[PDB]
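Dock chains B, C, D, E and F against chain A, hints included.
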Amino acid sequence: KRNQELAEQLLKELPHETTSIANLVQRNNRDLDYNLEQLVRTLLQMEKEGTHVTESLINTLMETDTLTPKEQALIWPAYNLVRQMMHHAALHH
Amino acid sequence: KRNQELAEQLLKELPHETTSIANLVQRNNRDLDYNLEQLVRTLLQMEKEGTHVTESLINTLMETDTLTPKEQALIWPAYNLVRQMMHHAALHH
Amino acid sequence: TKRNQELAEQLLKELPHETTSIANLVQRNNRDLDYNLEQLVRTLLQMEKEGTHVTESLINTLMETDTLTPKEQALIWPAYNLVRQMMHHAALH
Amino acid sequence: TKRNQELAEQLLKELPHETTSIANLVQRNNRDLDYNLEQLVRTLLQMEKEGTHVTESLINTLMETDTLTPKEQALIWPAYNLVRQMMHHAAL
Amino acid sequence: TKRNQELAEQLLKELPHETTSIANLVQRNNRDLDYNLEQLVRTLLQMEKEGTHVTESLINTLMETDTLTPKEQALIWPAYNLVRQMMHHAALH
Amino acid sequence: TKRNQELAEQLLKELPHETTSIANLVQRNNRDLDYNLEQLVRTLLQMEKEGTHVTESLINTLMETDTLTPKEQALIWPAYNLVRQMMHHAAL
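Chains as they are written, first to last, in UniProt numbering: chain A, 60 to 152; chain B, 60 to 152; chain C, 59 to 151; chain D, 59 to 150; chain E, 59 to 151; chain F, 59 to 150.
Keep in mind that the hints were calculated from the coordinates and are not lab data.
Beta carbons: idealized from backbone N, C-alpha and C, even for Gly.
Chain B side only, calculated, beta carbon under 7 Å to chain A, not exhaustive:
hint : residue
1    : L65
2    : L69
3    : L70
In isolation and in its complexed conformation, chain A is listed as follows:
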């Protein structure tokens, strides 16, 4: 009933093509980068409030089921980056 040609025509008119594997990786990188920046901000909010961010704090946050699986996947990279940022801010010039 011309249904196949209609579909073929709609597919050309659709804004974005079907996502490549390369585009799935890029999209997943952006999502990890977004979630990592929120975790970094959460950990620095704790540091600002007077809860010092240490390996032991991260271990206790992990033991306590506080964090989503996506957060638990990124909590160590967030920890590493927070430490780098705290050390960078410490040095003069």
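Chains B, C, D, E and F alone, transformed into the frame defined by chain A:
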């Protein structure tokens, strides 16, 4: 050890602020819009290949555990939109 | 006269940018889904506020015995997932 | 827990502004009318460009035949009026 | 002379846009995580290709008895999740 | 299942281009050197603007005191050379 002031300063230097509730909704809308467009494309790929997209096809795709939970959440809105698009493409002028 | 044709040709260049018909059908469908999702999210948070904890089993019971409309049932899981994210986000911060 | 209730109460204040259901039905209908009007205006100007002069009689003939969809027939006169305004506005 | 100062002031306006130090630390950390994640994803797909099906229990066993490096263990779950998405995406399409 | 293996084999061909580990260590080190060089160049020009003329003797004094980090000391001469080129290039 000036750790709180360091954290307070880093938080001002961070590109994006902590995400509002409004921004969580906007971000969730963009993710639903992205996943809906991919589902619409998958269903139209089926229509192009000669698998007619009907309420019964969607029921069978749902019975068979083929789709992720996020896909199952959007398969009916994708179905509705595919039907609208197929009907819009059918009419002359 | 060909004056009329040139006037029309000039007006066609000056017309505001127009989304294609299919692209506008998608955008319009996204806005409608986003609006209906935000109402459901509000309804579920109203339940939580009043002391009815929003859980997978509450959603199952509301769906059994037809307490939700078919339009609600279409979006109830995305609404549920977003409410859970929001309750977790509020618990931090 | 009382914590869950207060969290929900706080989230309800933080939720983006929501148009009431009736107000949103109007707004949505305005957007759709504006979109369909601008398509019809473009279609009528495409005809003018191709050498079909856009007149009251052309609109009557398009209506008397089922050449237009119901949605188009609803907006064809406002599209006609606007096309005439635009043709008059052009090259004053 | 104040010639030297004005020359410097002019050069400072002409210098390419510079990301702030903290923003560059984030960007650099994202690139490193993205690179290491893509290597792990490749390693896991190589296993799948060779006939070792990539499952939650395989990841658990590789993590127990220290078969993965600490740097691998840091990203193994995000790699796992992405491999699962990619295998599901390839099954459609 | 043989299906899983072929899917993986196909995904491996579709994966974005990956620099080898050694090549990526070089590229990453180049980006970091380029970034830290441009910061030092900016710092030296900020000094020139403020009235501290940038000379070989100033760089020697900055080095002889532990005023610079190890990363800065590694790049201070290339930053100096580039600042001198830029000051000479400006107002030829």
